[PDB]
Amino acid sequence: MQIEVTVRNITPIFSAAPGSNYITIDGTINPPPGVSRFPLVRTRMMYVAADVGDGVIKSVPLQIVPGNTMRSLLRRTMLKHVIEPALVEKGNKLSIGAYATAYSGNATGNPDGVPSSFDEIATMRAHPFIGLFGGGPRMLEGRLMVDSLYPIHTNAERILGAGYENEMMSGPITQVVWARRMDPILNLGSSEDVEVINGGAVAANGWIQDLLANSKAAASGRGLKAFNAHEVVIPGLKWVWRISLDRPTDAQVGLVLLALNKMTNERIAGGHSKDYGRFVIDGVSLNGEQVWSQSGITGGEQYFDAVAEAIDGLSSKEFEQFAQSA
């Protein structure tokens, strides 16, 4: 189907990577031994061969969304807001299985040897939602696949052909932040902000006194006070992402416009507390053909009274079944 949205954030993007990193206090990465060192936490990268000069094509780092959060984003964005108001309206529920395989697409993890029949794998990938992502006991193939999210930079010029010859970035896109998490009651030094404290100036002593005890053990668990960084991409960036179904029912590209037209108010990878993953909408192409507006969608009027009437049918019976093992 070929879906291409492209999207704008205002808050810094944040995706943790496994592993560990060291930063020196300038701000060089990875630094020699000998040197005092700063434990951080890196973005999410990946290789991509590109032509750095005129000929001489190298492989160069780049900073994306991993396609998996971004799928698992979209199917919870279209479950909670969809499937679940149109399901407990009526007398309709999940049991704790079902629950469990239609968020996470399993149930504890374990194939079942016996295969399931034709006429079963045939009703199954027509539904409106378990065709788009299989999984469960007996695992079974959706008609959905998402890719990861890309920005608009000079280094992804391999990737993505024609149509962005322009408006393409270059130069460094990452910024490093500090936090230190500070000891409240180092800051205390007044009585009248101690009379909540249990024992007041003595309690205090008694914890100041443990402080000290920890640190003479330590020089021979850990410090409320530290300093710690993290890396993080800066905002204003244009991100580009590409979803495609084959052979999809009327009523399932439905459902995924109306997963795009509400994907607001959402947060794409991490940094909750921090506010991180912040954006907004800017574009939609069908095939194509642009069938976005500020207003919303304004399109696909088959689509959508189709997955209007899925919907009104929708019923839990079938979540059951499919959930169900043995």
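Numbering follows the first chain given and starts at 1. Definition used throughout: the rigid core is the maximal C-alpha set that superposes within 1.5 Å between two forms. First, how it differs from the form deposited in another entry.
- Superposing the two forms on their core leaves just one of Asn110, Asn187, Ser170, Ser117 with a Cα displacement of at least 2 Å between these two forms, namely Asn110.
- The Cα position of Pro61 differs by less than 2 Å between these two forms after fitting on the rigid core.
- Annotation for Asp51: C-alpha shift of 2 angstroms or more between these two forms, rigid core superposed.
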Contents of the next structure:
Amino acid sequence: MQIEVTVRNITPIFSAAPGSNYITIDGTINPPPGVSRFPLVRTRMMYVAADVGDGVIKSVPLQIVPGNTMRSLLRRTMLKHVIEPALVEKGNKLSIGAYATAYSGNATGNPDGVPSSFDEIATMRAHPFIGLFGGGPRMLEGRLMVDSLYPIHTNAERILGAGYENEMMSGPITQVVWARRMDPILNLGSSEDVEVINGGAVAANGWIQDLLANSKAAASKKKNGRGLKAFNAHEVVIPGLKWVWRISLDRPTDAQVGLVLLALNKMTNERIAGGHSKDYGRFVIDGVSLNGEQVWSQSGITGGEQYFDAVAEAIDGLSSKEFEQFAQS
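For comparison with the form deposited in one PDB entry, produce the structure of the form deposited in another entry.
All you get below is the one chain by itself.
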């Protein structure tokens, strides 16, 4: 059960990375000391060994979205568009342990050791959601392998086997953008005519006086508190290119494949990675291959009738008792 999904981002993709990097007004990154330097947050990137016709198989940079992020996105969309309404319609509730185990895989519900029999392990691995993602105090193993997002790029020749030579991009696929923040109190003109403030024109003068006093004290000390002015930059991945996403299921039942396909159908109202306030991470699906067979049309997935019927049958009978027994035992 190999599923390969092809996507296309309409807005920039921004997956922040740890580290302290700096940029100048020009494009030079991490300059030697002695120049004006501004904080910079880059995307996520990893080194891969890409074999070229030379055969040197040197190392090249590739911009990706981590597989943990994609796995969590799939889990959250399954839990929100499928499991949550079905469970709410029956009037069911979740304890904190069951909720934490289902939504994140935490083991704090029963932090001690929880033993489980072989029949018990099989009976949970047969369950659709509990079998897809494991965890909890049992620390069971799921049947899902979620790979990371790989752009269709010449630096990804090694990861992507073949068949992607056309519509392949080359060159830089990132850009650095700048942001600002302004103090709104300083923007108050002398014409004023603003009376929403409690003190009128006296509170604003007090704010300005505190700014001036802090600046004077700092200047005297030079020869902590932070204001509202700011100037910084971050790096994003350009919009319009297409990516490849692969998901693999290990000996799955029909209900589990149906649940995966339901999540894929209910996708495209979600976002990838971060940048929430700037509408980053938008995408559209342009192809889904099911074991090599194209099952994606303009309106949803056409095919897999057995999977959809099995998942529809399995949605009924979804009760909180199984979640409580997996969480606590």
